[PDB]
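**Q** The chain contents come next:
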Amino acid sequence: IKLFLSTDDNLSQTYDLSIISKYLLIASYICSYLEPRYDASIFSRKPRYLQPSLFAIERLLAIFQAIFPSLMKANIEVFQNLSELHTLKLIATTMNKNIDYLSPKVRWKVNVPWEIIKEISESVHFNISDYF
Amino acid sequence: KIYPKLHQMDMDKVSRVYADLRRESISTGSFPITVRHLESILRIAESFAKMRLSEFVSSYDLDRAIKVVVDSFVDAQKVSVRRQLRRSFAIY
Amino acid sequence: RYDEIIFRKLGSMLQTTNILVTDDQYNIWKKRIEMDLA
Amino acid sequence: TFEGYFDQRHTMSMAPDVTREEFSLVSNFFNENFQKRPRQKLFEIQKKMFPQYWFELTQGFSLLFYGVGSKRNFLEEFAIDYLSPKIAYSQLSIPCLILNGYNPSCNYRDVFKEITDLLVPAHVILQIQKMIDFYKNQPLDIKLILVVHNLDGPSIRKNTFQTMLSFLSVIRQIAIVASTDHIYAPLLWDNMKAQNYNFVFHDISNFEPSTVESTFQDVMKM
Numbered sequence: 289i290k291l292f293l294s295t296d297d298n299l300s320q321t322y323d324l325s326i327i328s329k330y331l332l333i334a335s336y337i338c339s340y341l342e343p344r345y346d347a348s349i350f351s352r353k373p374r375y376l377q378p379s380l381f382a383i384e385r386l387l388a389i390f391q392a393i394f395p412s413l414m415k416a417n418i419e420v421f422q423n424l425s426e427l428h429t430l431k432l433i434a435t436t437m438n439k440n441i442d443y444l445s446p447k448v449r450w451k452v453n454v455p456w457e458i459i460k461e462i463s464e465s466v467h468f469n470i471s472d473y474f
Numbered sequence: 773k774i775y776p777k778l779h780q781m782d783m784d785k786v787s788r789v790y791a792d793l794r795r796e797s798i799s800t801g802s803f804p805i806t807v808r809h810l811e812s813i814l815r816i817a818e819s820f821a822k823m824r825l826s827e828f829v830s831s832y833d834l835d836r837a838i839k840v841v842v843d844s845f846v847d848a849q850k851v852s853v854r855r856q857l858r859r860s861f862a863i864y
Numbered sequence: 393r394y395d396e397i398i399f400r401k402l403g404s405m406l407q408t409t410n411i412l413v414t415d416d417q418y419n420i421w422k423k424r425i426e427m428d429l430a
Numbered sequence: 242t243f244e245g246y247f248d249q260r261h262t263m264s265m266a267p268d269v270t271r272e273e274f275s276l277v278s279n280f281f282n283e284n285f286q287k288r289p290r291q292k293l294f295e296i297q298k299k300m301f302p303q304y305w306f307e308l309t310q311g312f313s314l315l316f317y318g319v320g321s322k323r324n325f326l327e328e329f330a331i332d333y334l335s336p337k338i339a340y341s342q343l357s358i359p360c361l362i363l364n365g366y367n368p369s370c371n372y373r374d375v376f377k378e379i380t381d382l383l384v385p386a399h400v401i402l403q404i405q406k407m408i409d410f411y412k413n414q415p416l417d418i419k420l421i422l423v424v425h426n427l428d429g430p431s432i433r434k435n436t437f438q439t440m441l442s443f444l445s446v447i448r449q450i451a452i453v454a455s456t457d458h459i460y461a462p463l464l465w466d467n468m469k470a471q472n473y474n475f476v477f478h479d480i481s482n483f484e485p486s487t488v489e490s491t492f493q494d495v496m497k498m
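Protein chains in written order, with the deposited numbering: chain E, 289 to 300, 320 to 353, 373 to 395, 412 to 474; chain 2, 773 to 864; chain F, 393 to 430; chain B, 242 to 249, 260 to 343, 357 to 386, 399 to 498.
Some hints here could point you the wrong way.
[Stated by the list, open to error] Label pairs and their computed distance ranges (CB to CB):
{"no.": "1", "chain 1": "B", "residue 1": "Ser481", "chain 2": "E", "residue 2": "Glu384", "range": "17 to 25 Å"}
{"no.": "2", "chain 1": "E", "residue 1": "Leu413", "chain 2": "2", "residue 2": "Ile863", "range": "19 to 27 Å"}
{"no.": "3", "chain 1": "B", "residue 1": "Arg260", "chain 2": "2", "residue 2": "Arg854", "range": "38 to 46 Å"}
{"no.": "4", "chain 1": "B", "residue 1": "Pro368", "chain 2": "E", "residue 2": "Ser294", "range": "49 to 57 Å"}
[Unchecked claim] When the alpha-carbon atoms are kept at most 35 Å apart in a straight line, the in silico DSBU-like pairs for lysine-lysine are as follows:
{"no.": "5", "chain 1": "B", "residue 1": "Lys406", "chain 2": "E", "residue 2": "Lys439"}
{"no.": "6", "chain 1": "E", "residue 1": "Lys415", "chain 2": "B", "residue 2": "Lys406"}
{"no.": "7", "chain 1": "B", "residue 1": "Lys434", "chain 2": "E", "residue 2": "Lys439"}
{"no.": "8", "chain 1": "E", "residue 1": "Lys460", "chain 2": "2", "residue 2": "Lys839"}
Just so you know, these hints were derived from the structure itself, not from any lab.
Note that beta-carbon positions come from the ideal geometry of N, C-alpha and C, so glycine has one too.
Here chain E stands alone, though its shape is the one from the complex:
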């Protein structure tokens, strides 16, 4: 019965990431699906099915700082994890030839679906579901 209940055509903790990497991914998913209008409204003390939009590096860093549990700031480890995310095909770019991250015309977008980020947030105990 168990052989028929599953197709088993599948090729087979789904993504081993550092805490910095997990929070970076959480912030990137917010950036790629939340309007720029609501950033100051939500994070400052003053949609599930569409394709993701682009975002700038500063928006990602600011949201990461706002959601990271006194400031975490940006060290070499943060950017190293961010580059690992790109190398792992978790974050996409707007370029295909002669990759140069420092070119001021390249934007970022999320390649990770909802079903994985849900479990990442569950493992982080961060309530994304209340931000939408």
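Once you have looked at the hints, place chains 2, F and B on chain E.
**A** Structure of chains 2, F and B alone, referenced to chain E:
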């Protein structure tokens, strides 16, 4: 019959809570925390004492009063700020 | 002090590590104890 | 704070135009005259780290120099006057390779030609693999010193050039010193690249004007 009286033994424990609430309400849409809300802590502490029929306001009554007022203030903020104020008032 | 600050900022091994008591502090302690010792 | 990011018809023709020749004069005068003695004193003090830099390089720790201000002259003085002669006179003349990342006209194949000539006895990664397999049996003696200014250089920024430089540091008989100016420079390198690079990070900010690097971009476009 029961009319508990107050003592100034725990003036700091109330004053610092009032200052903390006012500081956290300085730049967020929240309750209009004023002196009238400070009086609520004292009156609800008196009500807690009047359950024991004690003639004096004790430290435990003030502790429960501060707990109730601070929890009521915190549970009304927005989601993004609620999880921060959860830890900002961990003392109480 | 200026030299110690720039050494600390530069991450140099020439800067002393504050695990042991400083020479000045221990010297003052020794002098203050010894002044009343005899 | 981060809240400073969330809480945020004139033209340049209204300003008096300055020619390139006029631009050069004031720049040179204020570079040479203003803040001369304190910056020179800071440089002289910073020279005290030469033994530590030498020891780190001999242990195999690559040096990345960063901070505000030009770093070409510092690296030139170090590599020419302290590093290369002392290695020769303590191992018993060491050739030094200087790469100008601030030049957009560079080519990685041209640099690899010099590297192969200076290192290989008589598809770049395929030859780098042969170099790695060869230098395993060689004694752990520094034979070539590599200086790469501006690891954030326009053509240098490209992933292929960074990959080529990363596989170089596997060989212990090669000394690598690099410098960067961009604030987001660590974004270029991932864990594999960081592992191969083996940089020890030193801030050497000196507020030194970038006279040489300013030649490759025209200020008149501003």
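**Q** If I claimed the Cβ atoms of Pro368 (chain B) and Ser294 (chain E) lie 49 to 57 Å apart, would that claim hold in this structure?
**A** holds (56 Å)
**Q** Would you check the hint for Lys460 (chain E) and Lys839 (chain 2), treating anything up to 35 Å between C-alpha atoms as holding?
**A** holds (34 Å)
**Q** For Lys406 (chain B) and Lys439 (chain E), compute the direct alpha-carbon distance and say whether it is at most 35 Å.
**A** holds (28 Å)
**Q** Check the hint pairing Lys415 (chain E) with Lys406 (chain B) against an upper bound of 35 Å on the C-alpha distance.
**A** Answer violated: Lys415 (chain E) to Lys406 (chain B) is near 42 Å, above 35 Å.
**Q** Given a hinted range of 17 to 25 Å, is it respected by the beta-carbon distance of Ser481 (chain B) and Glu384 (chain E)?
**A** holds (23 Å)
**Q** Between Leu413 (chain E) and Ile863 (chain 2), does the C-beta distance stay in 19 to 27 Å?
**A** For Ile863 (chain 2) against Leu413 (chain E), whose Cβ atoms are near 22 Å apart, the range 19 to 27 Å holds.
**Q** Given the range 38 to 46 Å, decide if the beta-carbon distance of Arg260 (chain B) to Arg854 (chain 2) lies inside it.
**A** For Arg260 (chain B) and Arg854 (chain 2) the Cβ distance comes to about 44 Å; the hint holds.
**Q** With the threshold set at 35 Å, check whether the alpha-carbon distance from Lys434 (chain B) to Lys439 (chain E) stays at or below it.
**A** holds (10 Å)
In this structure, only the earlier hint numbered 6 is contradicted, and the remaining ones agree with it.
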